[PDB]
Amino acid sequence: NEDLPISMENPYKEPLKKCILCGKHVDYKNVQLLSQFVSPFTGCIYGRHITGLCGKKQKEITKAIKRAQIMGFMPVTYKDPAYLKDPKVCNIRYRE
Amino acid sequence: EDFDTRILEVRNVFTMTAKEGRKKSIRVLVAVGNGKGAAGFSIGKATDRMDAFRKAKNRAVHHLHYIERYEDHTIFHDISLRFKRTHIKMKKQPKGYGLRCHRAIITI
Amino acid sequence: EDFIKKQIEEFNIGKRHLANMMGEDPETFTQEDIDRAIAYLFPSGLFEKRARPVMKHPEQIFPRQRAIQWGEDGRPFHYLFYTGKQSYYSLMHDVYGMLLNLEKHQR
Amino acid sequence: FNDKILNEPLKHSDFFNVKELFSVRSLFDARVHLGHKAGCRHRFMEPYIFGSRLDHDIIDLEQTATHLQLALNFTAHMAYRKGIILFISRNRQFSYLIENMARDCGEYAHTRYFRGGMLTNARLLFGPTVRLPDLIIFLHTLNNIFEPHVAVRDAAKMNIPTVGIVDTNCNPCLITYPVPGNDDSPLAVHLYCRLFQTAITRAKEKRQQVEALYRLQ
Amino acid sequence: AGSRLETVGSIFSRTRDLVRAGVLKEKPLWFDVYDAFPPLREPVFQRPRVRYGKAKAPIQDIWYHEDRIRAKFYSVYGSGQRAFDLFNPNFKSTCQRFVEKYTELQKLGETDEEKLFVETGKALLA
Amino acid sequence: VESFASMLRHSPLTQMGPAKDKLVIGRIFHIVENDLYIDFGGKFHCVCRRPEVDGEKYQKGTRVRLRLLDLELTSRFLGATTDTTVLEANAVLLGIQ
Ligand SMILES: [Zn+2]
Numbered sequence: 047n048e049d050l051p052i053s054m055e056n057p058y059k060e061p062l063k064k065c066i067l068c069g070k071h072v073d074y075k076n077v078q079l080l081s082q083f084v085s086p087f088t089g090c091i092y093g094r095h096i097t098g099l100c101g102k103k104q105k106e107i108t109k110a111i112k113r114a115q116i117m118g119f120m121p122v123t124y125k126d127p128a129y130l131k132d133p134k135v136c137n138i139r140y141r142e
Numbered sequence: 216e217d218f219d220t221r222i223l224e225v226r227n228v229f230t231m232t233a234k235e236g237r238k239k240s241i242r243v244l245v246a247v248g249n250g251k252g253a254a255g256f257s258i259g260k261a262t263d264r265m266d267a268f269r270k271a272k273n274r275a276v277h278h279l280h281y282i283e284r285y286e287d288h289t290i291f292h293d294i295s296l297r298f299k300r301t302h303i304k305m306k307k308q309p310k311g312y313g314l315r316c317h318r319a320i321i322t323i
Numbered sequence: 071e072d073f074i075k076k077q078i079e080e081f082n083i084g085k086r087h088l089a090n091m092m093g094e095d096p097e098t099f100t101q102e103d104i105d106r107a108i109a110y111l112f113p114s115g116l117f118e119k120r121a122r123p124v125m126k127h128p129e130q131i132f133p134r135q136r137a138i139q140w141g142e143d144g145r146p147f148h149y150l151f152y153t154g155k156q157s158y159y160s161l162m163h164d165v166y167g168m169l170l171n172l173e174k175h176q198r
Numbered sequence: 058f059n060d061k062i063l064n065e066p067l068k069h070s071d072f073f074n075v076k077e078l079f080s081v082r083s084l085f086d087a088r089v090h091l092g093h094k095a096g097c098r099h100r101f102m103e104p105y106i107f108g109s110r111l112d113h114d115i116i117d118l119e120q121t122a123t124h125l126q127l128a129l130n131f132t133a134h135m136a137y138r139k140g141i142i143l144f145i146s147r148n149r150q151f152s153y154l155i156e157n158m159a160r161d162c163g164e165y166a167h168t169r170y171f172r173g174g175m176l177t178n179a180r181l182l183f184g185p186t187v188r189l190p191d192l193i194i195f196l197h198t199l200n201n202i203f204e205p206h207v208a209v210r211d212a213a214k215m216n217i218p219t220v221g222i223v224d225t226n227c228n229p230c231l232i233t234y235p236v237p238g239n240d241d242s243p244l245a246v247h248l249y250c251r252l253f254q255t256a257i258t259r260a261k262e263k264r265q266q267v268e269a270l271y272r273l274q
Numbered sequence: 002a003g004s005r006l007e008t009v010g011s012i013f014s015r016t017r018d019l020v021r022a023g024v025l026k027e028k029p030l031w032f033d034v035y036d037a038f039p040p041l042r043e044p045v046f047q048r049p050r051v052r053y054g055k056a057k058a059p060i061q062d063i064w065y066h067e068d069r070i071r072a073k074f075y076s077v078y079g080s081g082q083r084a085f086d087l088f089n090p091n092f093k094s095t096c097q098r099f100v101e102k103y104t105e106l107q108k109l110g111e112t113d114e115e116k117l118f119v120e121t122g123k124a125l126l127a
Numbered sequence: 077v078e079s080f081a082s083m084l085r086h087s088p089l090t091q092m093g094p095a096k097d098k099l100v101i102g103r104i105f106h107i108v109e110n111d112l113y114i115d116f117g118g119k120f121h122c123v124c125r126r127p128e129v130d131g132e133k134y135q136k137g138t139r140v141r142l143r144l145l146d147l148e149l150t151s152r153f154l155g156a157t158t159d160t161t162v163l164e165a166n167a168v169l170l171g172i173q
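Note that the protein sequences, when read in sequence, are chains AP, AD, AG, AB, AS and AW.
Following the authors' numbering, the numbering of the first sequence begins with 47 at its first residue and continues without gaps.
Following the authors' numbering, the numbering of the second sequence begins with 216 at its first residue and continues without gaps.
All the letters of the third sequence, read from the start, carry residue numbers 71 to 176, 198 under the authors' numbering.
Following the authors' numbering, the numbering of the fourth sequence begins with 58 at its first residue and continues without gaps.
Following the authors' numbering, the numbering of the fifth sequence begins with 2 at its first residue and continues without gaps.
Following the authors' numbering, the numbering of the sixth sequence begins with 77 at its first residue and continues without gaps.
Extracted from the complex, chain AP is given alone in its bound form:
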């Protein structure tokens, strides 16, 4: 009677993973953050597997980066060397 199970809202479910950048607000004016997701050597934009972002967030980043590049806030064929001594978000070999 009592000891049969009760259909119930999926407990022990750890809240879904975050982008890292989920509540944050990305501007083309902010070069720092944008620089963080570019390769230091080629100035090429990192992918999603590398960056580790939600799709919306990634798109926002990329568009912002593009805007920066055109509007003259950011470099294009490299990542600014003043912003190397910063937190590494991305997952990347080269150097070993």
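One or more hints might be untrue.
Some chain AG residues well away from chain AB (every beta-carbon gap over 10 Å; in silico) [what the hints assert, rightly or not]:
1. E102
2. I104
3. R106
4. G115
5. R145
6. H175
Not the full set, but computed from the structure, chain AS residues with beta-carbon under 7 Å of chain AB [what the hints assert, rightly or not]:
7. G3
8. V9
9. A37
10. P40
11. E43
12. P49
13. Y53
14. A58
15. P59
16. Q61
17. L126
These aren't lab readings, by the way, just hints derived from the structure by calculation.
Each residue gets a CB set at the ideal place from its N, CA and C atoms; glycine is no exception.
Fit chains AD, AG, AB, AS and AW with the ligand to the known structure of chain AP by using the hints.
Same frame as chain AP, now just chains AD, AG, AB, AS and AW with the ligand:
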């Protein structure tokens, strides 16, 4: 001794092999039945005809269905079966109608 | 088996006859002697030694089989019958058991 | 005519008293109730499953018990009727155990690679006058792939009823007297071995006793 | 004589029909047994299809009322440093103890969730 | 007399819940030089291996402490109609007793 064996088709099936060329094999569809509702069938194939027949009969004997019948004489009701691409529409009929169906179907 | 037994008797008889024939008189005399006698009085001279004429105790000659692995009223004798190649399987099992025991304990 | 020995037991119900060998509690203890992950569940075992505790399927133990009562009883009956029982498995872990069980009873085993046509071709692999198993038991109805052991199909072909301990990967389908339960854990397997072994032994004893009684009469 | 058509019907049915026909002259010795005590499901072949449409399985994912509490405990107090047994029945983990305490309190603790939890914690501490 | 549901309710596997990172105790029952076959209750066994720290202590019969990383180890792959089980639990050794 209760069972009887009647053939349904005999095809001279060929196959191209490496050194041998075209290999003339015989393929035979045989049925087995005894009256009384029990019957089955088989596809014995071999290089000789007699051999094919004999294999086939044996196979048939091993693989038998039972077919329940209204009285001795009929199917219980009208059947409509699509098998692969053949459709077969069978109708239940009264006594003295005869078998008015495909020759193979009649024999079976 | 009966046939084999019969042959054994017949073989013995043959041997006795041979002994009687030859200068070596006793009914008890070795296989080598018999062979020699055979060579002497059925000299084939062929190079294949299996194709030469011989007569022996047919338990040497015949390749014996494991006759009757089930008794009357079915019921196979050995417990691993339905494996097929049963003896080998049994041996393997035994070996495994031994290994287990050993483990428990400690050309 | 001494055919009151074969029919009287049929007439009675649970005449070997095989239900007594186990309970639900016992089954629980032996971890019979566990199954595979819910992704690995096979469609045709869903009626026998209770639910799934965090994606891990749990078998209905009452149902198992019900099935067990049938299957074991059937086995016992077979044993009584001078019938060949054949235990089969392909788990390796439990091969030795199964062989031992087979040895101890009057019955047989085949825990090794099942060759093509041990039952369908028997006439050739052994002599022309063979008595095939009158019953078969699978402790593990899967081969060492997660695919149904050839033997079920073969058994069906040969018109031999198969008991089978079936987990959440396996088709019952062709198995005559299935028993839902844990295949892959050892305790459960051990329990199964115990029970089946006991049933057969009882059958052997009981039949003998009956024979003796009839002789006396 | 005999049949070996796995998918037509059950073995038993096949046997019975052959007996009726008068082909299998003697019955196989299991047949009688089967008749006496048949299984719950009749053993016929079934083609295992795939779930395609809006056709999910009957199975219910099992949850009990204490599960939430347990989860909460886990979130608060990490998976116990006390080792779980699993071999012996009636083992009582710390989580289990907590749950029991909660049960004892509510019904008739009457202070609702967080408060109840706090009370339980206090009790444990004592 | 008990039911089944009731039994399930008050049994250690249901008492714990999810197996992810739960310090559990369990005995080792089989050995092949490096690897140790560990039963910890549950559906399957698992294997860890002999560490450098007191390797000659981990013998057949002894108790050991597992971290437990899932109970079953399964996964479904590109063309698979069903996930392919390993029949092992994946549980990391803490030590002894
Ligand atoms: Zn399993």
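Was the hint right that AS/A37 lines chain AB, CB cutoff 7 Å? AS/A37 check passes; min Cβ-Cβ to chain AB is 4 Å, inside 7 Å.
Less than 7 Å between beta-carbons is the criterion; does AS/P40 satisfy it with respect to chain AB? With Cβ-Cβ at 5 Å, under 7 Å, it holds.
Classify the hint on AS/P49 as holds or violated, based on whether any CB of chain AB lies nearer than 7 Å to its CB. With a closest approach of 6 Å, the AS/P49 hint holds.
Against chain AB, with CB atoms and a cut of 7 Å, does the hint on AS/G3 hold up? Check passed: Cβ of AS/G3 comes within 6 Å of chain AB, closer than 7 Å.
Under 7 Å is the threshold here; is the Cβ of AS/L126 close enough to any Cβ of chain AB for the hint to stand? violated, 30 Å
Return the status of the interface hint for AS/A58: holds when the least beta-carbon distance to chain AB is below 7 Å, violated otherwise. holds, 6 Å
Against chain AB, is AS/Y53 within 7 Å by beta-carbon distance? Nearest chain AB Cβ about 12 Å off; hint violated.
10 Å Cβ clearance of AG/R106 from chain AB: holds, 43 Å
Any CB of chain AB closer than 7 Å to the CB of AS/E43? Violated, because the Cβ-Cβ distance from AS/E43 to chain AB comes to roughly 9 Å (cut-off 7 Å).
Confirm or reject: AG/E102 is not an interface residue toward chain AB, with every Cβ-Cβ distance exceeding 10 Å. Correct as stated: the minimum Cβ-Cβ distance to chain AB is 40 Å, above 10 Å.
Assertion that AG/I104 lies outside the chain AB interface [Cβ separation over 10 Å]: It holds; AG/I104 is separated from chain AB by about 37 Å at its closest Cβ, greater than 10 Å.
With d taken as the least Cβ-Cβ distance between AG/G115 and chain AB, does d exceed 10 Å? holds, 43 Å
Comparing the model with each numbered hint stated earlier shows that hints 5, 8, 11, 13 and 17 do not hold.
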